[PDB]
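Single-structure report; data block below.
All protein chains of the complex are present and in place, except for one that has been dropped.
In order of appearance the chains are A and B, and numbering begins at 1 in each one.
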Amino acid sequence: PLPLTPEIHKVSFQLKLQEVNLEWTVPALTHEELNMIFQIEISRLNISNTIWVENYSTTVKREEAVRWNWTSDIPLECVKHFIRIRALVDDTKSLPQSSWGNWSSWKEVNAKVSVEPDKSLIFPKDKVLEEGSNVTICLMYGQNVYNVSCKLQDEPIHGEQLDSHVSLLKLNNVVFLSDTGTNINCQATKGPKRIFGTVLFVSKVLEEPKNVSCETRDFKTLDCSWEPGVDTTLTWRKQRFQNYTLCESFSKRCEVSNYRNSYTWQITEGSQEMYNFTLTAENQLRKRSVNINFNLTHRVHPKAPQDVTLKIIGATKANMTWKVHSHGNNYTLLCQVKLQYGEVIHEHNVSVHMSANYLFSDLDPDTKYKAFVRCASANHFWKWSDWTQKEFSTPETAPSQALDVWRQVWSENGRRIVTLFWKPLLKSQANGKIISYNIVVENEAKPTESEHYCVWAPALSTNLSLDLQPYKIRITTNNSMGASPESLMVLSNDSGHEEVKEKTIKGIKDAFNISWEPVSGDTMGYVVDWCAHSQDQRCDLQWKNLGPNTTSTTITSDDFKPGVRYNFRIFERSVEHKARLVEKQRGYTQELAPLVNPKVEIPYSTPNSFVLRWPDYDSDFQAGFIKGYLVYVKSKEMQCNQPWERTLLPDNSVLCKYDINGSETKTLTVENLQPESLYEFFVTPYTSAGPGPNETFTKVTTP
Amino acid sequence: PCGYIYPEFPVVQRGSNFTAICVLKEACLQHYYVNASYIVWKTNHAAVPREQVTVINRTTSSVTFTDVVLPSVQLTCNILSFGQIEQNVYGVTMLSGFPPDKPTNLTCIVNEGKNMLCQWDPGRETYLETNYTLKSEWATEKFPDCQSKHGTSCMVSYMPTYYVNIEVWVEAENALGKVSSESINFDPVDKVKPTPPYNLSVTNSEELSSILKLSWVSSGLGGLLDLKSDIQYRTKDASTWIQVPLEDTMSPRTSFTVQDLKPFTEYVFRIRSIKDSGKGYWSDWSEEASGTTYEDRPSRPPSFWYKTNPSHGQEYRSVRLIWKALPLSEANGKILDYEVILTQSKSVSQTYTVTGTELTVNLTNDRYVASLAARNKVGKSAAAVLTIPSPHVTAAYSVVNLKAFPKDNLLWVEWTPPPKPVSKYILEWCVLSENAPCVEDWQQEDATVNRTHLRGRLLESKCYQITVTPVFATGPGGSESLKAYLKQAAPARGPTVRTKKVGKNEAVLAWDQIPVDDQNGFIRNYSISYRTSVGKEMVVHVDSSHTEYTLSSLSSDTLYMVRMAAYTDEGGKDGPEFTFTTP
Partner (left out) sequence: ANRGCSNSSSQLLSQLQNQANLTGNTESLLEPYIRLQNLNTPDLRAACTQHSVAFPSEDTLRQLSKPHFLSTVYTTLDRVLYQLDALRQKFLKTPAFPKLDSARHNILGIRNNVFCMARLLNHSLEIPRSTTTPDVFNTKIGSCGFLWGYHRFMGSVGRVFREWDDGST
């Protein structure tokens, strides 16, 4: 057999990592390259204590030196070892007799440095471990030292004596105490009384970055972020750095980041749309890595728009100009315009490339508007940008609706005095603040000589002095912009005293049944007006415009109160805008009892009868139409002859009632009286609601 | 271009001269063929006069300005090419401002837990960019500079070190000069403004009700500064604050005992601290802490009185013991119950316990000796004695000179003390009404008082029957009934006038009295008015003591209408009308 006996050439040590580097060659090789198996046997404290057996198969060539390493748990400076290796060939194609060769010489592996008789050593010193691992600490004392007892912070430690002058300490599942390390103090009982020991550094476990995501803002920087996890940095010079490496594949670019949970990436030009990153966190113990994959165009977060400017091209139209930052013609932004005013919100959708506008329409004048614009990606939406607010006020415009006019004429000083009344315009009907009103009065006999009058706001009444000639008036509103459509009205030769029929109507509590009979077949509409007929007030002429196809309309007003008469006057407007008086009406909203009784006076007195009379009442300043009079006579012996109603009184008297049918007659004579007697009476009118107030009895004496 | 303008940044103080140049290069000189003679200087797009424009060389021209007032002067040198075409060469802006002044009012304050803050006043407006830098250094070391970011205050960046003198000063620099203020040498420990003390607690004392011990904690930078405090206290209804003498709170302490306080009254406290040496700055006021004093024994016994109803023919008499509660100023706490003790000078004491204000017991005809005293949480009150004499004793001493008059809306009543030693005076009053009985109201006064007002809710235009009864050592004195008014008014309705008899030329007139609820004052006279249908008005006046009055000067066969009105001190009121026939 071929004596393939390996020969150990050089052996080395590494006390920092507890490794034994071993090199050996075999001179008994004949071919160029063959596969071999090296069975390795390790001993401790003598060549008969086998503690480890391993098989190392590796192809070896001619003159090539074989290198192998082994790790020992206990420190090498405490005990020696012995190693021997033999070879074996795996020749399954020729000579199928795998026989082991002779064992090599026991190469002494010695690393015991020294020991002083009055000192002691401990290994290892300042060991860095992971939370939850094991460790074996060896201690070597001198010859004079005796009864060595090691302890943790505060607890005993049961050490094992490996030899006569060494001792082994075993620690299981060490826990994290502090970032400054756990002190292991060991004091000797006998001999030199002192304290010696080392610090055991325990570190935490490195975690994986969680929720790693990145983003783009302006196609130039990528602000990628992640979670760092738990800090695993010690305080002494053992472990200081915890680096985070983000290294892309398609570009092969990566450097140590200066931050812990953020980094600003710089992209090179080339319009490359692809990304495949690999974030790596590494410390002195382990190395974690996480891979992400995304697209550049699918994670775009547009910023707030710039170059925002607004222009007014009218009271109902306005443009909205803005500009954004785009990199490439294919990337188009899907923005959202928001027009808000008061409580109404108007929103739409717009698509832009680099800069576009949105023509607004149907805007209300004298109204402040607020524009809100934000943009986002069109196809692959990621996030919405910030809102951009811009306020502006639309200008004013001349009115567009006609102002309704009405007049009231009478005879005074021989001239036709006319008073023009007009109602204030609404907000949306004026389209601005009313400054003044233009009054253009044109005469038909002299169209060249026209008078111009200006009534300033908020005056709603004016007086003009004209003759019996027919005039044509023109009224319009003037604001800071222009003029409003004028209303056409003309005067006629009528004095306003046309004798028409008077009709009395019974009004409703909040309405009136006004009915007028048409007199012409060619008309444009009717106008009605009424005045509160009272004693010491000036009536407010209220009117309304009606069409030519109506005959009866119910008016509504909150100023109508029971007790006052309203004289309605119906005016018909012909095709020439001429108003003619056709019908007069009057009525009460709710007829009430009379408030004042007429003064009675006796014209004649006879021993058997007496006559009564009172002046005419005011049928215009009353609370209701008087239908007649109710008198109540009082006596001691007279009887109530028909048709007088008799009513008894608890005072042993007589009371006769007379309903005077008709409000015209004011004289009545009662008979069946006796002379040298006493008589009492009182007069009062009555309405449809009831009689007037009960007054005192008039004192009269019959001779 | 053709060149530049020297100086590029002209900054001249207001009230001085100025001269600028505008050099033209040879390139544009040969290109445009426009020398330094066709230059037209423009200041804010305005043509300058030719008197101040002077040329020195072929490629340099100069202009002068005397006492410029305009702050922003845009100086532009422009040449005139062929065809009257103006072309711009260069343009600069000239500023006008005066240099700053020496800063003053250099003071620094060190807040507790913050860095040192210094402030100063700038003075006048320089109309130019001016930076203020605060310097600071020890005797052997220098500190970083405090550059004012805005305004005049600047907060240093280093931590203050105590017991080491530091010298600071501020330098004002602008585009026209640099001037530094005066330096101050101080100790950072003498400029500390401490934080207001917190956790202020007010505790009472069960033994001494007139004291209130205070308890608070102070920061003191961890026990480094001995801080003296200032304590202010006040009630809950008053707005002014009473300050304790500052000499009593000079020693460093965390507790103080305020004395001379009212029993059973709440108080509010606040405190602020400052260094013992009197230096530094007073801290802000602390949070207001509330505290209620402990109760104490009441001082004055409550008022006591008794009333006996007439019960003739029985051995036992019914007596109603009445008494009022003590106010919160004299009770010094919450009254629990009232104890009564009765004994006829020879028998045992009969004790009762009534939590109300009244008590009715049946006693016999002999003399009794009662005793009442309010009981509190800590003790009882004084024993007020009020005996009950036998029903067969007649009062021999009564009060004289009784008079009452309303003054300042108060019905004051005065009286003269009897010639015998009295113990106390009792006043009783109630409204006078013929439709319903009056409620019993009373009040107790000492023996020294001879004139006082009625303490109660009185009503105007109402008659109050006032009764005064003196109390002796052996029993009550006399009882007299008087009438008075607080605010008289006109009666509501006039008296009903009736005719008792009618004659040929004479007729008497009668009337009924005005009720007490209708008088609304003391009646003084009565006015009788009468007139016929065509006669004149004749008014006669009769006193209130008269009821019947004969009317003279009466004509026969004449109808007469009478009207009678009752006039009081506050006017009068007409009565109803009546008409009688004279046969």
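Everything that follows uses one rule, which is that contacts are C-beta pairs under 8 Å (C-beta built on N, C-alpha and C of every residue); 3 or more make two chains touch, one makes a residue touch a chain.
Asks: Check the options A:178, A:545, A:554 or A:669 and report the residue that touches the missing chain.
Replies: A:178
Asks: For the chain that's not shown, point to the residue among B:66, B:72 or B:140 touching it.
Replies: B:140
Asks: Quick one: say which of A:17, A:53, A:175 or A:195 touches the chain that got left out.
Replies: Considering the complete complex, A:195 is the one touching the chain left out.
Asks: Which residue from A:67, A:240, A:286 or A:348 sits in contact with the chain not drawn here?
Replies: A:240
Asks: Of A:92, A:97 or A:153, which sits in contact with the chain we cannot see?
Replies: Counting the whole complex, the residue in contact with the absent chain is A:153.
Asks: Mind pulling the chain B residues that touch the left-out chain?
Replies: 137-141, 159, 161, 163-167, 183, 185, 187, 224
Asks: So that we can see where the missing chain sits, which residues of chain A does it touch?
Replies: These residues touch the chain not displayed: 125-126, 151, 153-154, 177-178, 180-183, 185, 187, 195-199, 235-237, 240.
Definition applied: only the chains that are shown with their structure count from here on.
Asks: Nearest whole angstrom, what separates the Cα centre of chain A from the Cα centre of chain B?
Replies: It comes to 46 Å between the two C-alpha centres.
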